[PDB]
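Enquirer: Listed below, chain by chain, are the residues.
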Amino acid sequence: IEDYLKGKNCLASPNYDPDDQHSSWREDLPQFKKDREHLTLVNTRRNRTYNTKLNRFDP
Amino acid sequence: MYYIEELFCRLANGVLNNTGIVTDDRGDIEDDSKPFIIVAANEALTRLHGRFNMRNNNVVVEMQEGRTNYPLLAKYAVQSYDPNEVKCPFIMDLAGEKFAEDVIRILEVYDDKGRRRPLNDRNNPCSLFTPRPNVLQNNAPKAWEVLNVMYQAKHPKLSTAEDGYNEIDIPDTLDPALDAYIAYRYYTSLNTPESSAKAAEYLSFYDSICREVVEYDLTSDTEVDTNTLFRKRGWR
Amino acid sequence: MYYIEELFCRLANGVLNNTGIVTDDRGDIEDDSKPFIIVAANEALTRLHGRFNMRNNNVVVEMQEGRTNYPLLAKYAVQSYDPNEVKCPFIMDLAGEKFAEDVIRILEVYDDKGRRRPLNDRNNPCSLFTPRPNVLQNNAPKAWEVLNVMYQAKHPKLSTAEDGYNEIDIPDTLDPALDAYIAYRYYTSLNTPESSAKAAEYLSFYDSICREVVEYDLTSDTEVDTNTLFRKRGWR
Amino acid sequence: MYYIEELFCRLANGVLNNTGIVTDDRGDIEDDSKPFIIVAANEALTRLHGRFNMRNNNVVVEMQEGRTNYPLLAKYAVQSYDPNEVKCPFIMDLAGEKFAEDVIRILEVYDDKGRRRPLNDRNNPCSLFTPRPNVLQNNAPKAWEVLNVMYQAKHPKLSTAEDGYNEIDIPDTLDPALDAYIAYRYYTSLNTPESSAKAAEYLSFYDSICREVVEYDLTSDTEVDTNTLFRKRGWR
Amino acid sequence: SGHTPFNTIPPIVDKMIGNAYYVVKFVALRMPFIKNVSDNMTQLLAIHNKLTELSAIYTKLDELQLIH
Amino acid sequence: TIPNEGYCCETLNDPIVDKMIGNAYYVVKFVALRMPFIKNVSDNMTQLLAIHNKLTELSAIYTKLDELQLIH
Amino acid sequence: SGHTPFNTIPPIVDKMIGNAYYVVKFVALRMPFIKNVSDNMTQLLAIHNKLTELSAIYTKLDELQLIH
Amino acid sequence: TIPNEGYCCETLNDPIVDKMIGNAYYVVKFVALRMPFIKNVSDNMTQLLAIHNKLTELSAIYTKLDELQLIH
Amino acid sequence: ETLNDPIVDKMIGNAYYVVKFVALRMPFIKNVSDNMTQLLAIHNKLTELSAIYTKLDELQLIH
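Residue numbers (the authors' numbering), protein chains in the order written: chain LA, 3 to 61; chain AB, 1 to 236; chain AA, 1 to 236; chain AL, 1 to 236; chain YB, 2 to 11, 23 to 80; chain XB, 9 to 80; chain YA, 2 to 11, 23 to 80; chain XA, 9 to 80; chain ZA, 18 to 80.
Certain hints may be false.
[Said to hold, decoys possible] Pairs of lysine-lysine residues, derived as DSSO-like cross-links and limited to a Cα-Cα distance of at most 27 Å, are as follows:
#, chain 1, residue 1, chain 2, residue 2
1, AB, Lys75, AB, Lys157
2, YB, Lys37, XB, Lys47
3, XB, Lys27, YB, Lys37
4, AL, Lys98, AL, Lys75
5, ZA, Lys47, YA, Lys37
Source of the hints: derived by calculation from the structure; they are not laboratory data.
Produce the complete structure using the sequences and hints provided.
Expert: Here's what the structure looks like:
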C-alpha cells in the first residue's frame, strides 16, 4: 500500500513503450481480471440441466 | 452510522417484509440476491448526496512537471496504487481514510501558498480548467506547487466482498428515503401491473420525504455569511 | 471508470433482472444478446454527451498545400492512414490515443501562433468555415500553418472486441439515466402492450434524472467568466 | 461515416430485433426485403437534410450560347454522361466525388469574375431566375461566363445495386432519429391496430430527437456574422 | 460547510501559528538528531542489553587501570 | 543547469532545505514522510532514558578504552 | 470547461516559459550531439563489451613502445 | 523561385533544424518526430557512462594507433 | 508567462520522461559526440587489439 516510503519515485526513467505513447487525457484500464476466484458453495435454488446420459445399473 | 448487516435486517423487517426475497425467519436477505440490493443501495446514496450537500471532503494534489491533466482516480493516490504502473502518485492521503474516488463537483481550489485559484475562468490567464467533471487541468505546473481541492463528495461505494466498504454514514432522517428508493427499484423490476402501482407509490414517498427535509432544513443545507462586498466597494 | 462487464452485471442485477436474456445466475447477459445491449449503450452515451457538455477534447490539424477541406476522419490520422491512397496524413495523434472521430460540435480554433480564428463569419475574409459538422475548411493554407481545434466530444464507441474500448467514463450520478435508456430500448423492442407501458416509465424516468442534474448543476455545466467588454468599450 | 452493411446489422440488433424481417441469428435483414429498407432510408435522410442545413455543396456551370435553362441533372455533368446524347456537358466535377444530383435549395450564385449575381430579383435586370427548384435560368449567356452555385445538398441516394452508393455520412447524434423514422414506416405498413399504436410512438420519438438537437444546437445550424450595414449606411 | 485546509491566511501556552503546527516545526528543525539515533538503534540496544555490566566496570575506577 | 527539484525526486531520507522552511505544507510533509524515524525512537524510549542517565559512565570507559584492550 | 493548448500567449527553478517546455527546447538545440551517438551506437556498443582489454593495454603503455 | 516547405513533405528526422525556433509547435514536433533517436540513447545510458568514465583512457591509446600496429 | 506546457503534453506526453532523463546527462553525451571519430578509429582496427591483448605473455619475455 504505502510503498511510497521506500522512495525510488523519480520520474526520470529509461523504460518507455513507443507503442503505448499517450498524453494525460487518455485513461484506460488493464485487461487483468479474475484475481482470486474465491471459494464458494453451489446454489441449490437453481437446478442445472443434465448434459449426459448414464446407463441404468452402471457398475 | 451502522454496518451493512443492519441494513439487510432493517429491510427484511421493514418494507420488504412481505416479499419472498427475505429468509424464512425474516432476518436476512438471500445470498443469491444480495448484490441486487447493493446495486440499488449504491444508486440511492448517489441521488441523496446530489440533492443535498451533506458531505464535503478535500484532497491534496502535488503538481508533476510534464502533466497537465490530473484525474482524481484511486489508482493515482499514494495509497492503493500500483507502483509498477504509476511511478509517482500525486494524491496524498497518508493519514485518515483512503481516497474513495467520490468526486461529484469541484467547489474551490486553494494552493499551498494560501491564495485562491480561480476555477473555469476563461478570461483569467492563471485560472484552472475542468475538461471533465472528475479531471482537474493545470496549464502551468510549477516545481513545488501543491493544490488542495474542496469538492462535494458522495458516499463511498458499498461492497459485500472481502476487504470492501461495509459502513453507511448518512443522517438518520434520510433513512426512510433510502428504504423507499430501494423498494421502488425492486417492485418496478417485476414487470407486474399490481407491483408497478405499488412501485410508483414508493417513489412518490421517497420524493415526499426529501422535500420535507428541505422544507424544515434538517440537513442545514442553506448557508449564509457576513457581507464583505460592503467594504470592497468602498461604501464605508 | 469501470469495465463493460460491470455494466453487464449491473444491468443483470438491475432493470433487466426479470428478463430472459440474463444468465441463470443473474451474473451476465446472454452472449448472443450482448450486441443488442452494446448498440443501445452507445446510443445512450451519445444523447448524454449532447445535452451535457461533459467531455471537451482537442485535436491538431496540419495545413497541407493545395487542400482546403479537412475532414475529421480517422483515415487521415497518422496512426490509421493508408499510404496507398493517402499521400500524407494531416491529423496528428499518438499511438495510445488514436483519433476516434468523436467530434460532435466545434467550439473554438487556435492557430500555432496563438491567435483565435473566427468560425462561420461570412463577412470576415480570414474566418474559417464548416460546410459539414465534421469537416473543417480553410480558404488560405499557408506554409507552416497548424490549427488546433477544441470541440465537444462523445464517449468512444464501445466494442466487445479485445482491441476495442471496454471502459466507460461518465459521471456516476448519470448511471441511473444510462440504465433507464437501455431499459427503455429493450422494452420498446417487445411489441406486447404490457411492455409498452413499462417502456414509457423508464423513458420518463430517464428524462427526470437528466433535468434533476441540470437543476442542481452536478456536472458544472454552467460557466461564467470575468467581464472584459468593460475595458474594450472604453468605459474606464 | 459507416457503410450500408452496418445499418442492417444495427437495425437487426436494434429497433427491429423483435420483428421477423431479420435473419435467424438477428445479424442481417432478409434479401427479399432489403429494398424496402432502402426506400425508407432514402426518405428518412431527405427529411433530416431538409430540417437541418448539415451539408453545403457547390457546383460549377459553364454557360453555353443558345441555352437559357440549365437543369442540375447528372446527365449534364462532365462525368457519368452520354456523349451520344449531349454533345458538351456544362457541369464540371473533374476532381473529387461525382455530381450526385442532390440539389434542394439554391443559396447564392457567384460568377467567375468574382462578383455576386442576384437571384430571383424580378426588378433587377441582371438577376438570375429559377423557374424550377432544380433548374437555373440565365437570360444572357456570354462567351466565357462561368457560374458557381452554392446550395443546400441532401445525402446522395443509397442503392444496394452494384457500383452504387453504399456509404452513410450523417452526424452520429441523428442516428436514433434515422432508426425511429425507418421503424415508423415499417410498423405503419402492417395495417394492424396493435402495430399502428407502436408506429405512432416511433414517429413522436423521431420528432422529439430532432427538437432536442435544435434546442442544444448540436449541428451548429445557427449562423451569425459581423454587421457590415453600419459602414454601408454611413453611421460612422 | 467545510474549510479548505490550505486556506491558512484569513498568551503563553497558546501560539499564534498554531499549537499543533509549532510542535511539527520544532521536530522538523531538529530532524537530523532524531535520524542519527534512529539509524543506530541496534547499536544502542546492544549497549542497553548489558548496560549494567559496563557500569560495574566503571565503578572500579582505579583498580582496573593501575594494573595497566 | 536544468531544474531537477520536486517532491517525487526528493522522496528519500535527505537533509531538509532551508529555502522552503516557510512553506506550511512542506514542513508537515517533511515530518509525515519520515514517520518511521519518529516511530522507531518513540516505541523504545525507555531504553534511551536509561542510557541517557549513564552518559558519564560510558564516557569514562571510552577515555581509557585502549588501555582496557591490553588488559584482555 | 477545457482549454485549447495553442493559446499560449493569454525564482531560479521556475522558468518564465513553460517549465516542461524548457527541457524540450534544451534538447532540440543540442540535437546533433544525440543523433551522432545514436546512429553510431553499434560501434560504441562493440567497444563497451570488452573495455577490460583496452584498460589492460593502457596500464602497460611503457611496454608497448620498447618493442622497437 | 517557387516555395517548397511544409511538415507533411520536405520534413524528416534526418534533416537539421530550421530557423523557425520561435514557433513553439515546431520545436515540440521536432523532438517528437525524432523520438527513437532519444530512446536509443536513453535505454543504453549505462554503457555510455562506463565509456565516458574512461574517456581519457581511450584518448591516450589513440595517440599511438600506428605504433601499436607495428607489434601486430 | 507563456503556457507552452499543453503543447508538450499533447504531442509528447508519456514520452516526456525520456526527454528529461537524457537531458539530465547532456554533458556526458557532449563529451562523447565531440570525440566520436577517435572511437571509430579504434573500432576500425578493433580486431588486432584483441590479438595484442591475448599475447601479453609473449611481450613479457622481452621485458
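Enquirer: Hint by hint, which ones does the structure fall short of?
Expert: Of the numbered hints, all hold.
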